[PDB]
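Here is what each chain is made of, one letter per residue.
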Amino acid sequence: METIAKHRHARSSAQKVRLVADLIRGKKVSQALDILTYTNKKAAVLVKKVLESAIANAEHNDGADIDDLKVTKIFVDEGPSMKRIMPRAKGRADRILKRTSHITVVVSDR
Amino acid sequence: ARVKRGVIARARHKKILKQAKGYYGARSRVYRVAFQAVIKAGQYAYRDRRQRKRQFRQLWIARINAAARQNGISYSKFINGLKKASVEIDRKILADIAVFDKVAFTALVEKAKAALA
Amino acid sequence: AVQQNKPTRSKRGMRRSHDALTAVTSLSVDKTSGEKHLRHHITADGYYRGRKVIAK
Amino acid sequence: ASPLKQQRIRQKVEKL
Amino acid sequence: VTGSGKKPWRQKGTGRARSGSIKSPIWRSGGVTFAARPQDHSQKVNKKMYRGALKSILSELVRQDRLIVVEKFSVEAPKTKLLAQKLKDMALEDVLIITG
Amino acid sequence: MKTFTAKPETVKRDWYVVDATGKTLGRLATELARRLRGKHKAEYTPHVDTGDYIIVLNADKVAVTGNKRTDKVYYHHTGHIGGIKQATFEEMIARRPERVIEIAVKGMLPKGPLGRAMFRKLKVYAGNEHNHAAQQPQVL
RNA sequence: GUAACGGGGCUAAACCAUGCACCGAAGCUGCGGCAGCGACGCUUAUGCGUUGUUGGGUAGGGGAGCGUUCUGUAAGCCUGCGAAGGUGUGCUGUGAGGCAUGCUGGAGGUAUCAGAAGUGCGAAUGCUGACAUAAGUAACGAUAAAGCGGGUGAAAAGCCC
RNA sequence: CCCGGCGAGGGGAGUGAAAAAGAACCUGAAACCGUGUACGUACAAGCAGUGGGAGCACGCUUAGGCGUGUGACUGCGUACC
Ligand SMILES: [Mg+2]
Ligand SMILES: [Mg+2]
Ligand SMILES: [Mg+2]
Ligand SMILES: [Mg+2]
Ligand SMILES: [Mg+2]
Ligand SMILES: [Mg+2]
Ligand SMILES: [Mg+2]
Ligand SMILES: [Mg+2]
Ligand SMILES: [Mg+2]
Ligand SMILES: [Mg+2]
Ligand SMILES: [Mg+2]
Ligand SMILES: [Mg+2]
Ligand SMILES: [Mg+2]
Ligand SMILES: [Mg+2]
Ligand SMILES: [Mg+2]
Ligand SMILES: [Mg+2]
Numbered sequence: 001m002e003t004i005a006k007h008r009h010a011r012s013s014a015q016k017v018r019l020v021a022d023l024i025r026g027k028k029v030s031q032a033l034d035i036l037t038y039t040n041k042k043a044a045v046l047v048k049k050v051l052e053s054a055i056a057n058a059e060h061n062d063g064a065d066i067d068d069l070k071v072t073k074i075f076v077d078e079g080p081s082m083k084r085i086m087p088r089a090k091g092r093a094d095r096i097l098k099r100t101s102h103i104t105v106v107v108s109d110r
Numbered sequence: 001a002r003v004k005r006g007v008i009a010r011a012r013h014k015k016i017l018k019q020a021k022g023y024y025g026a027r028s029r030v031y032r033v034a035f036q037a038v039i040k041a042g043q044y045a046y047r048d049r050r051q052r053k054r055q056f057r058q059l060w061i062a063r064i065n066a067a068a069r070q071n072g073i074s075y076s077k078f079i080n081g082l083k084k085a086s087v088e089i090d091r092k093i094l095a096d097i098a099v100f101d102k103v104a105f106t107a108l109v110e111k112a113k114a115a116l117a
Numbered sequence: 001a002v003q004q005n006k007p008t009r010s011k012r013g014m015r016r017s018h019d020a021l022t023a024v025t026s027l028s029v030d031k032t033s034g035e036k037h038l039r040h041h042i043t044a045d046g047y048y049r050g051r052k053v054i055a056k
Numbered sequence: 146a147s148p149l150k151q152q153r154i155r156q157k158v159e160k161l
Numbered sequence: 052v053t054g055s056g057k058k059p060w061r062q063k064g065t066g067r068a069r070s071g072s073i074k075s076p077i078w079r080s081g082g083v084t085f086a087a088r089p090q091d092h093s094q095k096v097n098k099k100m101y102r103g104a105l106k107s108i109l110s111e112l113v114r115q116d117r118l119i120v121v122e123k124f125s126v127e128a129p130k131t132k133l134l135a136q137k138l139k140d141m142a143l144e145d146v147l148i149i150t151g
Numbered sequence: 001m002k003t004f005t006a007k008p009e010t011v012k013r014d015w016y017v018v019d020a021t022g023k024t025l026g027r028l029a030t031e032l033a034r035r036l037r038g039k040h041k042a043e044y045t046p047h048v049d050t051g052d053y054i055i056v057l058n059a060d061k062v063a064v065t066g067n068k069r070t071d072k073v074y075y076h077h078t079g080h081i082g083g084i085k086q087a088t089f090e091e092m093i094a095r096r097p098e099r100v101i102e103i104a105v106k107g108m109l110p111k112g113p114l115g116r117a118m119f120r121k122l123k124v125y126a127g128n129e130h131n132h133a134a135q136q137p138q139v140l
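Chains as they are written, first to last, in PDB author numbering: chain AS, 1 to 110; chain AQ, 1 to 117; chain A0, 1 to 56; chain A5, 146 to 161; chain AE, 52 to 151; chain AJ, 1 to 140.
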């Protein structure tokens, strides 16, 4: 492949991280860090190790170098809704989903 | 002995489920379309098709009017001339000629106009 | 205090319309390689003139 | 060392 | 089934419809609405019919069977190693075939 | 092969001009609108698109039926409640021949798109020549 | 909110009388086909060419079918040159259907006519599990709140002094 | 062996018929949620389909007005049980 580097669960929602990794896409690879390392919150750090991966992973599987690359595809898919139960008052329902999300990010070239 | 009705499953459903002119939502997503969307079309097509032969009928005879009444005398008197003329008289859709071969039509107008007692 | 039909996917994002974060517009500092927050100076060691914390 | 190959180096050996 | 105990939810209340009996056919684990017992199936033909118009093999499988020779006696007590021997006495092979 | 008459996406337009002044009132609207759809027009099956420019003039002269002139009223309604409704005379509205009295025409046609900007193709003015400011570009 | 022509508008685009023209429904007609049913020709179980004709339809009556599982059929037949289940597409019948086929699948499938019914689902505030949505919203459980410095640590407001 | 925090998890490499078989593991449908691309869409009224039907995107016929996603615009037109 043109080097990949997924996560797997990691725990933190679909929409929550579909956010962050929208800034990444198009340009990037060098811009990888800069625009994560600053842009705040949590979702946007569980990308800044799947990018350091998807780079060393292009210095192994792929012989490509740390300045090229592109980041031609990212998407966050819906990981298993990790379920449990909450109290409340009387009890009724506490669906409470601890929701999760796989990561996959891919860098290649022009 | 068994049935595991689960094999005629989607075989029954995909069957119609394949009705995705978009439609929209479960109107081609789920079984809201059930029939309540396809059984729909599935009737709309019945009439609102059957309807066309009067929907292209009135059509022509608007043009047909505009033509002869643009040469003098309109789709009312017009047809009268035409009809009073046995082997000499055909009927619309081709009385659309007034749009690809005027003079032809414009000539018909004559023959109609003159037949007029 | 409840709806009656289901707020379709279509509308799913017609709130979501606005969010899709925006990121940066950063600059460097005369002394780090290309770091610098938008207001704090050299991350690279930490300073602006000199002895900000522990430097050179 | 090009400021990303640097962000590397400086750390890949703040390991060794 | 393990139909043990009656009624789960009350009748009225909570909404979720008129609930009654863990074994309910409609439900999930027991209750097969109908079904049945062992039961005979087995029919009953008269005599006039069984004994009725049987064989016709000479009539339709006409060209196929109505043969008659002898019972096969050199047929030595217990052996089949070559029952293919006498099964050349029709040479009409495994062809389903039987006797009496 | 199969008939019907095509109508490109239009592909034809015009440049006519008509006075109004002559006390013809409303009856004018008709071929002022059919000719805005396609009467005289015996080609270009409408129903989908079509068109045909016109430019009326002055308008502040059209005798109007009989008594109508004094009485006919219009009613706008702003819907900003406060209990609206705005009765207004022909007499009083002919004190401003804009969108109206000449836009007793936007009501003689399709409405909705098509019939929408199928009527802006009218153009009004209230004094023919002298301030027929419109495109001089060739009329009839 | 005009709001007692549906409207735009009509002094005819209203009314009386009179008359020709035309628009107009699945009605009728024309034409290609379907089925049920009396006749003509022909062949000739028959059908088929034609032909008179009939087919709005809830309760319900009656009559043909479609396919699912199992059964002999059968140690027959497909099948690792890929069966079943998924997934695209194509052709075909009034239909329930079917046949062919790409792809994925990794052993199984079952013509033909016969037989047995755990024979077909959207509804039952139906059982079950999976997933939506309000929604990244209300909420983090006592208004006895804290602040700084150091340590270890991937990271400290929350642990250690 | 590589990224990682001596984690999760993942990328190479090995195995092997196959790892699209990786242990949450056979086939892997549905509801539901993402990423790619094409048409449509910011003067526009309603069970959202129907009849038209332009235009674009696309494959086409040594024209012959074609297949496909699309569907501006315009005749009807208030799901089922
Ligand atoms: Mg008709
Ligand atoms: Mg009891
Ligand atoms: Mg049981
Ligand atoms: Mg006996
Ligand atoms: Mg019937
Ligand atoms: Mg019935
Ligand atoms: Mg099976
Ligand atoms: Mg169901
Ligand atoms: Mg309820
Ligand atoms: Mg339920
Ligand atoms: Mg809210
Ligand atoms: Mg709020
Ligand atoms: Mg708390
Ligand atoms: Mg699998
Ligand atoms: Mg527009
Ligand atoms: Mg069409």
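Since the hints were derived computationally from the structure, they do not count as laboratory data. A portion of the hints provided could be inaccurate.
[What the hints assert, rightly or not] Below, in silico cross-link-like pairs of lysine-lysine (PhoX-like), each with a Cα-Cα straight-line distance of 25 Å or less: (1) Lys83 (chain AQ) <-> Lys7 (chain AJ); (2) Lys28 (chain AS) <-> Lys157 (chain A5); (3) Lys36 (chain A0) <-> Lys98 (chain AS); (4) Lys150 (chain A5) <-> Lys36 (chain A0); (5) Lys40 (chain AQ) <-> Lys36 (chain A0); (6) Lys157 (chain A5) <-> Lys98 (chain AS); (7) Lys27 (chain AS) <-> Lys36 (chain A0); (8) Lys157 (chain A5) <-> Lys11 (chain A0); (9) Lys160 (chain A5) <-> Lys49 (chain AS); (10) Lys85 (chain AJ) <-> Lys102 (chain AQ); (11) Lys111 (chain AJ) <-> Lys102 (chain AQ); (12) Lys39 (chain AJ) <-> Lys53 (chain AQ); (13) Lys49 (chain AS) <-> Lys150 (chain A5); (14) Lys12 (chain AJ) <-> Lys53 (chain AQ); (15) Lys92 (chain AQ) <-> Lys123 (chain AJ); (16) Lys90 (chain AS) <-> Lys150 (chain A5); (17) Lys92 (chain AQ) <-> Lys7 (chain AJ); (18) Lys21 (chain AQ) <-> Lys11 (chain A0); (19) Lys6 (chain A0) <-> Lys16 (chain AS); (20) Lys150 (chain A5) <-> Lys11 (chain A0); (21) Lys95 (chain AE) <-> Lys106 (chain AE); (22) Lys90 (chain AS) <-> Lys63 (chain AE); (23) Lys157 (chain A5) <-> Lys48 (chain AS); (24) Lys157 (chain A5) <-> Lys6 (chain AS); (25) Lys16 (chain AS) <-> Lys11 (chain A0); (26) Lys28 (chain AS) <-> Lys11 (chain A0); (27) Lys157 (chain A5) <-> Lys90 (chain AS); (28) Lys41 (chain AS) <-> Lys36 (chain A0); (29) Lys61 (chain AJ) <-> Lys53 (chain AQ); (30) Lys102 (chain AQ) <-> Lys23 (chain AJ); (31) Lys73 (chain AS) <-> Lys42 (chain AS); (32) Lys36 (chain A0) <-> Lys49 (chain AS); (33) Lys39 (chain AJ) <-> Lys102 (chain AQ).
Hint check:
Straight-line distance between C-alpha atoms of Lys83 (chain AQ) and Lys7 (chain AJ) comes to about 30 Å, which puts the hinted pair past the 25 Å bound. Note on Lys28 (chain AS) and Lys157 (chain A5): the hinted pairing holds, with a Cα-Cα distance of about 21 Å set against a maximum of 25 Å. At roughly 36 Å between alpha-carbon atoms, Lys36 (chain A0) and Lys98 (chain AS) are farther apart than 25 Å, so this suggested pair is violated. The hinted pair formed by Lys150 (chain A5) and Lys36 (chain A0) meets the criterion: a straight-line CA distance of about 18 Å does not exceed 25 Å.
Annotation: proposed proximity of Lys40 (chain AQ) to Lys36 (chain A0) is violated, straight-line Cα distance about 64 Å (limit 25 Å). Restraint check for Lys157 (chain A5) and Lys98 (chain AS): not satisfied, since their Cα atoms lie roughly 35 Å apart, outside the 25 Å limit. For the hint pairing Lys27 (chain AS) with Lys36 (chain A0), the CA-to-CA distance comes to about 21 Å; that is within 25 Å, so the pair holds. This hinted pair does not check out: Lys157 (chain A5) and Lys11 (chain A0) have alpha carbons roughly 47 Å apart, beyond 25 Å.
In summary, the hint linking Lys160 (chain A5) to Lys49 (chain AS) is supported, as the alpha carbons are separated by about 16 Å, within the 25 Å threshold. Annotation: proposed proximity of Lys85 (chain AJ) to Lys102 (chain AQ) is violated, straight-line Cα distance about 52 Å (limit 25 Å). Simply put, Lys111 (chain AJ) and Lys102 (chain AQ) have alpha-carbon atoms about 32 Å apart, too far for the 25 Å limit, and the pair is violated. Pair hint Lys39 (chain AJ) plus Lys53 (chain AQ) holds up; C-alpha atoms about 22 Å apart against a cutoff of 25 Å.
About 16 Å separates the Cα atoms of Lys49 (chain AS) and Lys150 (chain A5), which keeps this hinted pair within 25 Å; it holds. A hinted pair counts as satisfied when its Cα atoms are at most 25 Å apart, and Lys12 (chain AJ) with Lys53 (chain AQ) does not qualify at roughly 28 Å. With a C-alpha separation of about 36 Å, the suggested pair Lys92 (chain AQ) and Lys123 (chain AJ) falls outside the 25 Å cut-off, and the hint is violated. Straight-line distance between C-alpha atoms of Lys90 (chain AS) and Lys150 (chain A5) comes to about 59 Å, which puts the hinted pair past the 25 Å bound.
This hinted pair checks out: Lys92 (chain AQ) and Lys7 (chain AJ) have alpha carbons roughly 19 Å apart, not beyond 25 Å. Simply put, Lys21 (chain AQ) and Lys11 (chain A0) have alpha-carbon atoms about 21 Å apart, close enough for the 25 Å limit, and the pair holds. Using a Cα cut-off of 25 Å, the hinted pair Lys6 (chain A0) and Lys16 (chain AS) holds, with the two alpha carbons roughly 23 Å apart. Restraint check for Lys150 (chain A5) and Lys11 (chain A0): not satisfied, since their Cα atoms lie roughly 45 Å apart, outside the 25 Å limit.
Note on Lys95 (chain AE) and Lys106 (chain AE): the hinted pairing holds, with a Cα-Cα distance of about 20 Å set against a maximum of 25 Å. Note on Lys90 (chain AS) and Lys63 (chain AE): the hinted pairing holds, with a Cα-Cα distance of about 19 Å set against a maximum of 25 Å. Restraint check: the Cα-Cα separation between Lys157 (chain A5) and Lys48 (chain AS) comes to about 16 Å, which is no more than 25 Å; the hinted pair holds. Note on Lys157 (chain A5) and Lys6 (chain AS): the hinted pairing holds, with a Cα-Cα distance of about 22 Å set against a maximum of 25 Å.
For the proposed pair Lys16 (chain AS) and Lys11 (chain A0), the alpha carbon gap of about 18 Å is at most 25 Å, so the pair holds. A distance of roughly 31 Å separates the Cα atoms of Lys28 (chain AS) and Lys11 (chain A0); the hinted pair therefore is violated under the 25 Å criterion. With a CA separation close to 55 Å, the supplied pair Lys157 (chain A5) and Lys90 (chain AS) exceeds the 25 Å bound. At roughly 19 Å between alpha-carbon atoms, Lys41 (chain AS) and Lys36 (chain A0) fall within 25 Å of each other, so this suggested pair holds.
For the given pair, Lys61 (chain AJ) sits about 45 Å from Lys53 (chain AQ) by alpha-carbon distance, which is inconsistent with the 25 Å threshold. Restraint check for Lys102 (chain AQ) and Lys23 (chain AJ): the C-alpha separation of about 36 Å exceeds 25 Å, so the hint is violated. The straight-line distance between the Cα atoms of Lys73 (chain AS) and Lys42 (chain AS) is roughly 21 Å, inside the 25 Å bound, and the hint therefore holds. About 21 Å separates the Cα atoms of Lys36 (chain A0) and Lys49 (chain AS), which keeps this hinted pair within 25 Å; it holds.
This hinted pair checks out: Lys39 (chain AJ) and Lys102 (chain AQ) have alpha carbons roughly 16 Å apart, not beyond 25 Å.
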